[PDB]
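Quick setup: one chain, the form deposited without the partner chain, written in structure tokens, and binding and motion questions come after.
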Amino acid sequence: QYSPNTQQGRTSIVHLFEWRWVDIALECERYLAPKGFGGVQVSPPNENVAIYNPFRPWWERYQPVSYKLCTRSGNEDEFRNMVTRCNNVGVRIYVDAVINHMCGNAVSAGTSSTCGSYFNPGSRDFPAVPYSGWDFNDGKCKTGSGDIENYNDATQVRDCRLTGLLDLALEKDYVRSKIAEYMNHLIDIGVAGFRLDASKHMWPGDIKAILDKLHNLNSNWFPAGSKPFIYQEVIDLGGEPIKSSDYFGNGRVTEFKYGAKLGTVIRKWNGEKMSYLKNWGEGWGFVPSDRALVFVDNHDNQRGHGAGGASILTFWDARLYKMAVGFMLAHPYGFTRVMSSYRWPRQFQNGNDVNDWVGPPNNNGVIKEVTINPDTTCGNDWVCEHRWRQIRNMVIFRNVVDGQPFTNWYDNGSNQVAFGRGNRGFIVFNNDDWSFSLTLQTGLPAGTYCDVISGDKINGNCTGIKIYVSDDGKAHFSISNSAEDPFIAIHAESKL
């Protein structure tokens, strides 16, 4: 459950948030495979409520109606085609499994669903599963509202409705079995693992009982006895009774402290400074590295109201964001997930974005295709952060340095820092309001290296900055605080 099941030497996943299956299939073939990406987190592939007020928000996909593989991203045939095509080029698929709940209890009954299945939230009737009132936690929840009211009570957090979402009775073998039926359908299709949505809202032992029903991965693509990768979405920023360590027997956990603190450090909030990152990892109160799924932002919190609130860095903060993502991808802590987003008309009123509900780019509710521009960026309002040179090249950096120790740390006591990954890579950051210019020990073999942030190694030359490492392992680095990207990264495969 802890191993990602990526190909050896592929070390990240990318969240292709709200992408259609056909576009992901193409992306696997044309980009993710050649550029060394390990896999893709897909949006929930099961049927959800079609919500028209507001118009088709992203969050409708976190309100299940059934386990039919029938969504705005595509149908079952399209989903299977994507998984096959991606696996055939060695890029894995991880499913966002929405298994704590069905839809909101106040959603109107009918067939306003992505596959047209009937459902009746008021009567607890989801006949396409099927679930009935016997399958929800109405009777078990002890709060006066039936919803979660107080996160200091670990029981209600699990047994009551998260903001009114009908809460499945996950102690029941029937319910566990319907969820496992869905998940095993997906495993047998070829998926490599799962994000378990809303894991804080499930008992560790109920998750374990579901996981005990899961198959090993499809043996046409994976070695015998391969377990699905499991990463549990548990928001644990401290100060609540529920700790993500309670979930370690099931799989990895999302470490939301990671992006929250990296954001405060890079924004220099409350006197924080990059020099403090020397002991990044468990020293900052994080989970063990071998249980962490790390990320700068996720699909929730990039809208500003998630775990981390306002500190979270996103594509909107492109310059600082690239730096944060770069630090993450260079540092050995955790298994890394890169976000890939769409643009929306973000409109702040009184410090909050009133358009944070807006769904993916669409024509009358039909999600737009991802178009690829000649410069390799995307059109149709897809941001495609994973195609930004500075991010894609750091995904590659992480592959190149895989397994190498954190070493050769330098800092100036402020925001100019550097470190290496054994003898395979070195990275240098300047987040101070003045220039960096210093000779540093890099740990690398002598030679000329292309900076993969400002450029690329192409046809035996560098298109950007070149760094010259001497016989002693030392190299001079110069980074103005006015640089487009105030960080430089070099590695064994960027050597000329």
Contents of the next structure:
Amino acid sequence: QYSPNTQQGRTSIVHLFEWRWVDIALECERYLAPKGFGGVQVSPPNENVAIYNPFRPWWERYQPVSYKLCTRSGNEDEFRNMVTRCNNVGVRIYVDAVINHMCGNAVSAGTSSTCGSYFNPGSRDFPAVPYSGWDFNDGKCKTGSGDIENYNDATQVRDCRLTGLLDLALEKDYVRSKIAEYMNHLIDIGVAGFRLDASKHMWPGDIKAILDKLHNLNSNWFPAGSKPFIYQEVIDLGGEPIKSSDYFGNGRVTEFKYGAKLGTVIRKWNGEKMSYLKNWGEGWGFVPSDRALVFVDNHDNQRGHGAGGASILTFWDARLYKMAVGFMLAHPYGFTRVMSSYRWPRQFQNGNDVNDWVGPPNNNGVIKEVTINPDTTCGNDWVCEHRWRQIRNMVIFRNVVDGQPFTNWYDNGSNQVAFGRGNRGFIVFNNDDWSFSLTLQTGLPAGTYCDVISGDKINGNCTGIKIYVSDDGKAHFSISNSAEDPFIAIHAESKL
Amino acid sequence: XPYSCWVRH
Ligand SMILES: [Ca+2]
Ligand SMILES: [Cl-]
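Same protein, different condition: the form deposited without the partner chain was shown, now please give the form solved in complex with the partner chain.
Below is the whole assembly, all chains and molecules, this chain first.
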């Protein structure tokens, strides 16, 4: 459950947040495969409540109504089509599995659902699965309200309703079997793994009992005996009774300390400095590298209300954001996920964004297609961070240096730092308020290297900055603090 | 809480 099951030499996944299946299928073929991306995390593919006030928020997709593969992203045919086309060019699909709960207990009964299925939350009837009142934790939860009230009590965090969402009785074999039937449907279609949403609110042993029921991966695309990649969403910043290590038996875990700390560092908040990153990783109290799924932001905390609050860097802070993603992709810690977002009309009142609910770009609720602009970014207000040259080229850097040790660290005791990955890559950051002009040991073989942040290697030409590594492995780097992107990265495949 | 504090909406 710890292995991503990506193709040889692909080392990252991209969250195509709220994309339609047909657009993800195209993206696999036209971009993700040639540029070396490992896989795609997709939005939950099962039927969910259609919420009309507010109008179609992104988080309606975390309120299941059934396990039919029928959403605003597309139907089962389009989902199957996407998974087949991506697998056929060596790009995996990871599914956001919403299995802690069904929808909110106060949702009005009827057929306001993305496939028209009937459901009745008050009477706990989800006949499209089917679930009944016997399948929920109403009798198990011990709080007066029936909701989660105290996070110092690890039991109610698991058995009570998360903000009123109907909590499934995951100890029951029938419920485990309905969930496993859903995930096995997806596995046989060809998905490579799962993000387990809201894992903190599930018992580790109930998760294990569901995973015990899963098939091996589809043997047309994966070696025999391959197991689904499992990464569990657990927000563990310390100070709570539930620890993310309690979930290591089931798979990896999201390391939410990673982006919160990196954001504060690169923003230079709370006395932090980039030079402090010399011991980045478990030296900062993170989970072991082989159990971590890391990221700068995710779809949730990029809206500023989440784990890290305002320190999380997002596409809205593009200049610092590119630096943070670059550091993450160059550093060996963890398995890396890159965010790909859409724009919304952000409107902060008291440090919190009243429009943080707004869903994907839409015409009257129908999601807009991803259009590709001439400069290979995206239109229709899809941000497509994963197509930004500075980010895509660092996805490739991480492929090229895969396996090589963190080495040749430099820092100025402030915010100018550099390091190499074996003899395959070197990266240099200037986050101080003065220029960085210095000769550094790069570890790389002698020659001329294209800086892949400012440009690209095309044929035997560079379109941006060129770095000259001498026979001793040393190279001069000049980075103004005014530079558009104040970092430089070179690697074995950017050498002329 | 969860989902960018969805319940406040
Ligand atoms: Ca639960
Ligand atoms: Cl996540």
